Amino acid sequence: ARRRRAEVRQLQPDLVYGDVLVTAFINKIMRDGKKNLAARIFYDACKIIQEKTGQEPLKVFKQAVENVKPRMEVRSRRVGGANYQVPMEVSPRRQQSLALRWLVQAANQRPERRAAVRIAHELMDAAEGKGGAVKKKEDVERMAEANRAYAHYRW
Amino acid sequence: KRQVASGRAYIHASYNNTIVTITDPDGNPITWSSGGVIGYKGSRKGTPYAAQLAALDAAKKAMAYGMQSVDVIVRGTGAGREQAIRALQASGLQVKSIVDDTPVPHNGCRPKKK
Amino acid sequence: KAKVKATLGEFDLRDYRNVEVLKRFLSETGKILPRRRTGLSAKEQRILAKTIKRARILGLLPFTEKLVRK
RNA sequence: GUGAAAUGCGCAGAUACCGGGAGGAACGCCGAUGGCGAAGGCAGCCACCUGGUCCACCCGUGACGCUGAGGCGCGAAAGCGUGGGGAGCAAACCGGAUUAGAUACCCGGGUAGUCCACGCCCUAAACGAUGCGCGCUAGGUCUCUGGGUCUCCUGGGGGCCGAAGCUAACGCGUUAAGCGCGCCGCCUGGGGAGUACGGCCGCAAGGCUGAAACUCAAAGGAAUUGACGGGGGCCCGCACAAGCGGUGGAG
RNA sequence: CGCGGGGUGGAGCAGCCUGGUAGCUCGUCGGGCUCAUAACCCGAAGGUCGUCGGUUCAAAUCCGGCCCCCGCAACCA
Ligand SMILES: [Mg+2]
Ligand SMILES: [Mg+2]
Ligand SMILES: [Mg+2]
Ligand SMILES: [Mg+2]
Ligand SMILES: [Mg+2]
Ligand SMILES: [Mg+2]
Ligand SMILES: [Mg+2]
Ligand SMILES: [Mg+2]
Ligand SMILES: [Mg+2]
Ligand SMILES: [Mg+2]
Ligand SMILES: [Mg+2]
Ligand SMILES: [Mg+2]
Ligand SMILES: [Mg+2]
Ligand SMILES: [Mg+2]
Ligand SMILES: [Mg+2]
Ligand SMILES: [Mg+2]
Ligand SMILES: [Mg+2]
Ligand SMILES: [Mg+2]
Ligand SMILES: [Mg+2]
Ligand SMILES: [Mg+2]
Ligand SMILES: [Mg+2]
Ligand SMILES: [Mg+2]
Ligand SMILES: [Mg+2]
Ligand SMILES: [Mg+2]
Ligand SMILES: [Mg+2]
Ligand SMILES: [Mg+2]
Ligand SMILES: [Mg+2]
Ligand SMILES: [Mg+2]
Ligand SMILES: [Mg+2]
Ligand SMILES: [Mg+2]
Ligand SMILES: [Mg+2]
Ligand SMILES: [Mg+2]
Ligand SMILES: [Mg+2]
Ligand SMILES: [Mg+2]
Ligand SMILES: [Mg+2]
Ligand SMILES: [Mg+2]
Ligand SMILES: [Mg+2]
Ligand SMILES: [Mg+2]
Ligand SMILES: [Mg+2]
Ligand SMILES: [Mg+2]
Ligand SMILES: [Mg+2]
Ligand SMILES: [Mg+2]
Ligand SMILES: [Mg+2]
Ligand SMILES: [Mg+2]
Ligand SMILES: [Mg+2]
Ligand SMILES: [Mg+2]
Ligand SMILES: [Mg+2]
Ligand SMILES: [Mg+2]
Ligand SMILES: [Mg+2]
Ligand SMILES: [Mg+2]
Ligand SMILES: [Mg+2]
Ligand SMILES: [Mg+2]
Ligand SMILES: [Mg+2]
Ligand SMILES: [Mg+2]
Ligand SMILES: [Mg+2]
Ligand SMILES: [Mg+2]
Ligand SMILES: [Mg+2]
Ligand SMILES: [Mg+2]
Ligand SMILES: [Mg+2]
Ligand SMILES: [Mg+2]
Ligand SMILES: [Mg+2]
Ligand SMILES: [Mg+2]
Ligand SMILES: [Mg+2]
Ligand SMILES: [Mg+2]
Ligand SMILES: [Mg+2]
Ligand SMILES: [Mg+2]
Ligand SMILES: [Mg+2]
Ligand SMILES: [Mg+2]
Ligand SMILES: [Mg+2]
Ligand SMILES: [Mg+2]
Ligand SMILES: [Mg+2]
Ligand SMILES: [Mg+2]
Ligand SMILES: [Mg+2]
Ligand SMILES: [Mg+2]
Ligand SMILES: [Mg+2]
Ligand SMILES: [Mg+2]
Ligand SMILES: [Mg+2]
Ligand SMILES: [Mg+2]
Ligand SMILES: [Mg+2]
Ligand SMILES: [Mg+2]
Ligand SMILES: [Mg+2]
Ligand SMILES: [Mg+2]
Ligand SMILES: [Mg+2]
Ligand SMILES: [Mg+2]
Ligand SMILES: [Mg+2]
Ligand SMILES: [Mg+2]
Ligand SMILES: [Mg+2]
Ligand SMILES: [Mg+2]
Ligand SMILES: [Mg+2]
Ligand SMILES: [Mg+2]
Ligand SMILES: [Mg+2]
Ligand SMILES: [Mg+2]
Ligand SMILES: [Mg+2]
Ligand SMILES: [Mg+2]
Ligand SMILES: [Mg+2]
Ligand SMILES: [Mg+2]
Ligand SMILES: [Mg+2]
Ligand SMILES: [Mg+2]
Ligand SMILES: [Mg+2]
Ligand SMILES: [Mg+2]
Ligand SMILES: [Mg+2]
Ligand SMILES: [Mg+2]
Ligand SMILES: [Mg+2]
Ligand SMILES: [Mg+2]
Ligand SMILES: [Mg+2]
Ligand SMILES: [Mg+2]
Ligand SMILES: [Mg+2]
Ligand SMILES: [Mg+2]
Ligand SMILES: [Mg+2]
Ligand SMILES: [Mg+2]
Ligand SMILES: [Mg+2]
Ligand SMILES: [Mg+2]
Ligand SMILES: [Mg+2]
Ligand SMILES: [Mg+2]
Ligand SMILES: [Mg+2]
Ligand SMILES: [Mg+2]
Ligand SMILES: [Mg+2]
Ligand SMILES: [Mg+2]
Ligand SMILES: [Mg+2]
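Chains as they are written, first to last, in the entry's author numbering: chain BG, 2 to 156; chain BK, 11 to 124; chain BR, 19 to 88.
Watch out, some of these pointers could steer you wrong.
Said to hold, decoys possible - Pairs of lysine to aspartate or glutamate, EDC-like flavour, derived with a Cα cap of 20 Å: (1) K88/BR with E46/BR; (2) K61/BR with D111/BK; (3) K68/BR with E38/BR; (4) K84/BR with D110/BK; (5) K123/BK with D110/BK; (6) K49/BR with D111/BK; (7) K84/BR with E92/BK; (8) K19/BR with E92/BK; (9) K60/BG with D20/BG; (10) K11/BK with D81/BK; (11) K71/BK with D36/BK; (12) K60/BG with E74/BG; (13) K136/BG with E67/BG; (14) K131/BG with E142/BG; (15) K61/BR with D36/BK; (16) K84/BR with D67/BK; (17) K29/BG with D45/BG; (18) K51/BK with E146/BG; (19) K84/BR with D81/BK; (20) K137/BG with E74/BG; (21) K60/BG with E146/BG; (22) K70/BG with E90/BG; (23) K131/BG with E113/BG; (24) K84/BR with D111/BK; (25) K21/BR with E38/BR; (26) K63/BG with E139/BG; (27) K49/BR with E38/BR; (28) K106/BK with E83/BR; (29) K71/BR with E38/BR; (30) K35/BG with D45/BG; (31) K41/BR with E62/BR; (32) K106/BK with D36/BK; (33) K61/BR with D33/BR; (34) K11/BK with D36/BK; (35) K70/BG with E129/BG; (36) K49/BR with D110/BK; (37) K61/BR with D81/BK; (38) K53/BG with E74/BG; (39) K88/BR with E62/BR.
Hint data in this document are derived by calculation from the structure and do not stem from the laboratory.
Build out the structure end to end from the sequences listed, making use of the hints.
Written out as structure tokens, the structure is:
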């Protein structure tokens with residue numbers, strides 16, 4: 002990215018909810034270009050969301066993903082010869098991409114057999130503010146403050 | 011010494027730490043704090059954030075003795091001088107007047123190897 | 019801004035006692051003010067410096083004023 | 001305290017703050033592209049003693065001038081002798097760290113010394129690396145300091161730019177490395193060597209004078225081009241970063 | 001022989017005071033940063049707080065006996 006700045010790739014909305022967020026989230030589930038399988042596993046969980054709670058999977062997804070949005074992180078700025086781990090803002094772009102990634106990463110971490118059953122639970126506990134995906138969030142935020150001293154390097 | 015509303019705070023800005031001593035308007039200290047008192051060790055005691063917490067903490071302690079008004083006095087140059095000050099007035103403590111009293115010889119003692 | 023020379027009227031600058039005159043030259047902190055802002059020339063700037071020092075010794079003038087409010 | 005630390009210091013009360021006191025050393029701002037001195041060098045303030053220098057008046061002597069082997073005096077720092085002084089700093093020294101080692105660079109300690117008196121020492125990148133004196137050869141600008149009714153004129157210094165000219169070039173150029181004369185000092189390939197011997201000096205450390213054998217076919221100055229840098233500036237590549245998937249493991 | 005105060009996580013230790021807190025340090029594991037190495041940071045697993053009884057709503061904390069260690073002082077025909 003030494004030249005321009007790179008265009009944040011655009012994305013066709015959901016073939017269902019019409020949500021771009023869901024479109025992206027699917028890609029994270031997607032294994033080896035098999036997009037079909039990914040969507041399937043997602044929607045299967047989507048309905049499972051209601052099967053458990055009288056709530057629709059819509060806001061369950063937003064509520065969840067919004068609780069896994071890390072407010073601030075630690076970037077290692079190697080200035081002054083040494084590599085200081087400075088705490089600073091998370092670009093709105095990152096908060097999303099990271100959340101979704103952690104979401105699915107923590108989801109795969111779950112033990113249960115079927116994959117869609119993991120995306121469901123992880124999604125629920127996430128909106129509930131309790132999931133293991135949230136645990137990575139609570140960490141990165143604390144890891145940021147455990148070094149608030151060097152924050153005077155915030156570029 | 012024990013109970014007075016007016017007083018004075020002393021900033022001391024080293025390059026490896028920052029301390030602050032709040033005293034009565036005579037000179038005698040009431041309490042104090044520093045980067046180390048705050049929790050940090052070594053370089054981080056020099057950090058401006060530490061200095062921020064020092065003044066804050068030193069303020070809270072003085073608050074209890076009934077301190078409300080203080081003329082600030084600063085000596086040093088360390089990355090935290092103004093941050094201690096900024097953290098002081100922002101501590102709801104009355105900053106009557108900031109002053110600079112950093113000592114400097116009219117050429118006398120030979121410095122270190124530096 | 020304002021040259022210190024013109025800022026004042028006619029005056030003797032070997033007088034180490036008219037503190038009111040001298041005091042005007044002596045910076046915000048008692049530092050003998052730079053020639054490049056006292057409006058003084060070479061020879062006069064010198065005689066001034068010497069008389070100030072004299073005054074400070076008599077106690078009339080300061081050696082150092084603390085920098086107030088910063 | 002540092003890159004981060006450690007040694008170190010601190011509840012036997014340190015650091016930070018206030019008051020009283022002791023002692024040594026060095027002089028902030030003015031301060032500079034500044035000033036003085038033959039050089040080494042000389043910086044708070046006061047008084048005394050003293051050297052050099054510059055300007056005006058056109059007054060006095062009447063060539064009394066220049067240089068100057070040897071001699072004599074001066075001569076930063078370190079170092080030495082006797083006595084005194086000792087805050088800070090600090091070779092040596094001890095510890096901590098770093099590292100393969102670290103007899104160092106960094107840190108915590110620390111002695112002689114650095115300060116004064118008297119007396120030695122006499123060297124230096126004691127450098128403008130440019131001996132002193134005199135006369136002559138465009139100017140522009142900057143500044144320090146004298147004299148004169150004074151958008152200036154006229155002496156004495158301190159920088160820069162540059163005529164002619166010089167120079168191997170770099171560069172110098174009325175503050176010459178230009179054009180000339182007087183006088184002194186010095187050089188004659190690199191290494192051996194500022195060594196050896198002899199002499200003279202020194203308390204000592206050491207200083208002054210100062211070779212040869214042998215050996216080398218170069219040592220050397222300035223400038224050109226490029227390459228290189230744990231140099232800088234601008235700019236770029238799946239170079240790092242961000243992200244996805246892998247070999248290194250198993251067959 | 002009597003007197004004094006100690007046992008708490010893998011190691012050292014605060015908490016005992018005066019009842020409602022088991023903490024810190026390094027160590028071990030994962031993660032973050034790293035040329036490397038520590039430093040730093042995040043998280044984590046791990047203690048009937050010696051033993052048996054006792055007062056108490058509740059103690060490792062106050063009580064009694066005892067086990068073991070450390071120390072104090074004395075004696076030794
Ligand atoms: Mg760019
Ligand atoms: Mg590095
Ligand atoms: Mg994005
Ligand atoms: Mg540190
Ligand atoms: Mg530091
Ligand atoms: Mg030192
Ligand atoms: Mg000034
Ligand atoms: Mg360490
Ligand atoms: Mg120490
Ligand atoms: Mg105590
Ligand atoms: Mg005092
Ligand atoms: Mg004192
Ligand atoms: Mg006293
Ligand atoms: Mg003394
Ligand atoms: Mg004194
Ligand atoms: Mg004395
Ligand atoms: Mg002196
Ligand atoms: Mg100066
Ligand atoms: Mg200037
Ligand atoms: Mg000079
Ligand atoms: Mg001198
Ligand atoms: Mg002298
Ligand atoms: Mg005399
Ligand atoms: Mg004189
Ligand atoms: Mg004279
Ligand atoms: Mg005549
Ligand atoms: Mg005549
Ligand atoms: Mg006359
Ligand atoms: Mg005659
Ligand atoms: Mg005549
Ligand atoms: Mg002559
Ligand atoms: Mg003669
Ligand atoms: Mg001769
Ligand atoms: Mg001679
Ligand atoms: Mg003599
Ligand atoms: Mg000297
Ligand atoms: Mg000496
Ligand atoms: Mg010496
Ligand atoms: Mg002797
Ligand atoms: Mg002596
Ligand atoms: Mg004395
Ligand atoms: Mg002595
Ligand atoms: Mg001393
Ligand atoms: Mg020292
Ligand atoms: Mg020793
Ligand atoms: Mg040791
Ligand atoms: Mg050593
Ligand atoms: Mg090495
Ligand atoms: Mg060895
Ligand atoms: Mg040694
Ligand atoms: Mg000593
Ligand atoms: Mg010796
Ligand atoms: Mg002296
Ligand atoms: Mg004396
Ligand atoms: Mg004396
Ligand atoms: Mg002698
Ligand atoms: Mg000498
Ligand atoms: Mg010589
Ligand atoms: Mg020189
Ligand atoms: Mg010459
Ligand atoms: Mg000459
Ligand atoms: Mg002219
Ligand atoms: Mg001009
Ligand atoms: Mg003039
Ligand atoms: Mg006239
Ligand atoms: Mg001169
Ligand atoms: Mg000069
Ligand atoms: Mg000129
Ligand atoms: Mg020419
Ligand atoms: Mg030429
Ligand atoms: Mg020139
Ligand atoms: Mg001319
Ligand atoms: Mg001329
Ligand atoms: Mg000229
Ligand atoms: Mg010639
Ligand atoms: Mg030969
Ligand atoms: Mg030779
Ligand atoms: Mg030869
Ligand atoms: Mg010689
Ligand atoms: Mg010799
Ligand atoms: Mg020699
Ligand atoms: Mg001989
Ligand atoms: Mg000899
Ligand atoms: Mg001789
Ligand atoms: Mg002799
Ligand atoms: Mg001699
Ligand atoms: Mg003799
Ligand atoms: Mg002797
Ligand atoms: Mg001796
Ligand atoms: Mg000899
Ligand atoms: Mg010969
Ligand atoms: Mg020869
Ligand atoms: Mg050849
Ligand atoms: Mg060359
Ligand atoms: Mg050329
Ligand atoms: Mg090259
Ligand atoms: Mg630069
Ligand atoms: Mg660039
Ligand atoms: Mg990468
Ligand atoms: Mg593999
Ligand atoms: Mg393979
Ligand atoms: Mg292979
Ligand atoms: Mg391999
Ligand atoms: Mg008995
Ligand atoms: Mg017995
Ligand atoms: Mg017994
Ligand atoms: Mg006892
Ligand atoms: Mg409990
Ligand atoms: Mg902790
Ligand atoms: Mg273990
Ligand atoms: Mg290690
Ligand atoms: Mg730590
Ligand atoms: Mg239990
Ligand atoms: Mg229990
Ligand atoms: Mg039990
Ligand atoms: Mg014992
Ligand atoms: Mg006892
Ligand atoms: Mg007995
Ligand atoms: Mg016995």
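To see whether the hints hold, each was checked on the structure:
In summary, the hint linking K88/BR to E46/BR is supported, as the alpha carbons are separated by about 13 Å, within the 20 Å threshold. For a cut-off of 20 Å, the pair hint linking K61/BR to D111/BK is broken: about 33 Å separates their Cα positions. At roughly 17 Å between alpha-carbon atoms, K68/BR and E38/BR fall within 20 Å of each other, so this suggested pair holds. Taking the CA atoms of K84/BR and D110/BK, the gap is near 6 Å; set against the 20 Å cutoff, the hint holds.
Of the supplied pair hints, the one linking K123/BK and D110/BK is violated, its CA atoms being roughly 27 Å apart against a limit of 20 Å. For a cut-off of 20 Å, the pair hint linking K49/BR to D111/BK stands: about 15 Å separates their Cα positions. At most 20 Å may separate the alpha-carbon atoms for a hinted pair to count; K84/BR and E92/BK meet this at roughly 17 Å. The hinted pair formed by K19/BR and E92/BK fails the criterion: a straight-line CA distance of about 29 Å is larger than 20 Å.
Our distance criterion of 20 Å between C-alpha atoms is met by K60/BG and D20/BG, whose separation comes to about 12 Å. Taking the CA atoms of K11/BK and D81/BK, the gap is near 16 Å; set against the 20 Å cutoff, the hint holds. Distance check on the hinted pair: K71/BK and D36/BK sit about 18 Å apart at the alpha-carbon level, within 20 Å; holds. For the proposed pair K60/BG and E74/BG, the alpha carbon gap of about 26 Å is over 20 Å, so the pair is violated.
Pair hint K136/BG plus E67/BG holds up; C-alpha atoms about 14 Å apart against a cutoff of 20 Å. In summary, the hint linking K131/BG to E142/BG is supported, as the alpha carbons are separated by about 15 Å, within the 20 Å threshold. A distance of roughly 46 Å separates the Cα atoms of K61/BR and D36/BK; the hinted pair therefore is violated under the 20 Å criterion. Using a Cα cut-off of 20 Å, the hinted pair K84/BR and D67/BK is violated, with the two alpha carbons roughly 27 Å apart.
A C-alpha spacing of about 16 Å is found between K29/BG and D45/BG, which places the hinted pair at or below 20 Å, so the restraint holds. Of the supplied pair hints, the one linking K51/BK and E146/BG holds, its CA atoms being roughly 17 Å apart against a limit of 20 Å. Proposed proximity of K84/BR and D81/BK is supported: the alpha carbons are some 14 Å apart, at most 20 Å. Taken as a hint, the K137/BG and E74/BG pair is honoured in the structure, with Cα atoms around 11 Å apart against an allowance of 20 Å.
Proximity of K60/BG to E146/BG is assessed by CA-CA distance (about 30 Å); at most 20 Å being required, the pair is judged violated. Using a Cα cut-off of 20 Å, the hinted pair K70/BG and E90/BG holds, with the two alpha carbons roughly 12 Å apart. Restraint check for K131/BG and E113/BG: the C-alpha separation of about 17 Å stays at or below 20 Å, so the hint holds. Restraint check: the Cα-Cα separation between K84/BR and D111/BK comes to about 6 Å, which is no more than 20 Å; the hinted pair holds.
With a C-alpha separation of about 17 Å, the suggested pairing of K21/BR with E38/BR holds against the 20 Å cut-off. Annotation: proposed proximity of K63/BG to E139/BG holds, straight-line Cα distance about 18 Å (limit 20 Å). Our distance criterion of 20 Å between C-alpha atoms is met by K49/BR and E38/BR, whose separation comes to about 16 Å. Using a Cα cut-off of 20 Å, the hinted pair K106/BK and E83/BR holds, with the two alpha carbons roughly 19 Å apart.
Of the pairs offered as hints, the one joining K71/BR and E38/BR holds, with about 15 Å between alpha carbons and a cut-off of 20 Å not exceeded. Between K35/BG and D45/BG the CA atoms are separated by roughly 16 Å; this keeps the pair inside 20 Å, and the hint holds. Taking the CA atoms of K41/BR and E62/BR, the gap is about 16 Å. The hint holds against a cut of 20 Å. Only pairs whose Cα atoms come within 20 Å are accepted, and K106/BK paired with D36/BK is accepted, the gap being roughly 16 Å.
Of the pairs offered as hints, the one joining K61/BR and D33/BR holds, with about 15 Å between alpha carbons and a cut-off of 20 Å not exceeded. A hinted pair counts as satisfied when its Cα atoms are at most 20 Å apart, and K11/BK with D36/BK qualifies at roughly 10 Å. Straight-line distance between C-alpha atoms of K70/BG and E129/BG comes to about 14 Å, which keeps the hinted pair within the 20 Å bound. The suggested pairing of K49/BR with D110/BK holds, with an alpha-carbon distance near 15 Å, which does not exceed 20 Å.
Between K61/BR and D81/BK, the direct Cα distance comes to roughly 43 Å. Violation of the 20 Å bound is thereby established for this hinted pair. Annotation: proposed proximity of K53/BG to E74/BG is violated, straight-line Cα distance about 34 Å (limit 20 Å). Taking the CA atoms of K88/BR and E62/BR, the gap is near 33 Å; set against the 20 Å cutoff, the hint is violated.
Consistency with the previously given hints fails for numbers 2, 5, 8, 12, 15, 16, 21, 37, 38 and 39, ordered from lowest to highest.
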